[PDB]
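For this view, one protein chain was removed and the others were kept in their places.
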């Protein structure tokens, strides 16, 4: 067997195929030759591993895009929340201011209701002193007129 | 075995080529290769296959995590919309409750100010009645006194 470290089936630039080769053992100790059908079988797996890596890559890109979409929506939630927070605060201000000035107009109106009840009391006093001054006057015109009348009939 | 090919057998009676030393594995190698070299590669391809299947599972779990998040985000959207709507409902209840009270409070404003025009009309009509009583009692005293003074009739000196 030619060449003493090597068995040659041609020369550089004039290579030969080796044909009618039985398939060899495929193991970590095999020193059998390998034929093309054995490389083909392996290449079929590799192709399938490659097609599968491509499908996973497409999947992983879309997952990443969905995560970014979800992030966009979390941030719209945040804005909406801040806006509700702000509208609560302005609605807080508008409640007490409005009730504050409803309460100021209640106190002004009680002040003049209290003044009106005072005047009604005072008017009611001097209205009863009048009902007496008018009946003591009425009695003393009667007494007086008929005392004078009495000194007329004395004649 | 011409000068295109070399044959170790025939169809149906192929032969294994045995005691083959490992050949150079490079992009110009014209060496035969042996079965432990193909074995070495096939082990890597097995490992890659196994690793793709682990990776697939992780991708599957990630997808389930993402849909969990989506579900919570949707719950946040709902509650936010319920808050948004309670706030408008409260804002419209507060406008109608203040305006109804400010309306009853200004119908009182007006009816009280009419009571003050009436207390002023009573107070100075009552102040004429006081001076009418005085000038009435004065003219009574003055009119009886001058009748009594018409005793001049009966005057035994």
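As written, the chain order gives the labels A and B, with residue 1 at the start of each chain.
Just so it is clear, contacts are C-beta pairs under 8 Å (C-beta built on N, C-alpha and C of every residue); 3 or more make two chains touch, one makes a residue touch a chain.
For chain B, the residues touching the chain absent from view are 8-9, 11, 14-33, 37-38, 41, 44-45, 48, 51-52, 55, 58-59, 62, 65-66, 69, 72-73, 76, 79-80, 83, 86-87, 90, 93-94, 97-98, 101, 104-105, 108, 111-112, 115, 118-119, 122, 125-126, 129, 132-133, 136, 140, 143-144, 147, 150, 153. Touching the omitted chain from chain A are residues 1, 3, 5-12, 14-23, 31, 33-43, 46, 49-50, 53, 56-57, 60, 63-64, 67, 70-71, 74, 77-78, 81, 84-85, 88, 91-92, 95-96, 99, 102-103, 106, 109-110, 113, 116-117, 120, 123-124, 127, 130-131, 134, 137-138, 141, 145, 148-149, 152, 155.
In this section, only the chains that are shown with their structure count from here on.
Taking the mean of the C-alpha atoms as each chain's centre, chain A and chain B sit 3 Å apart.
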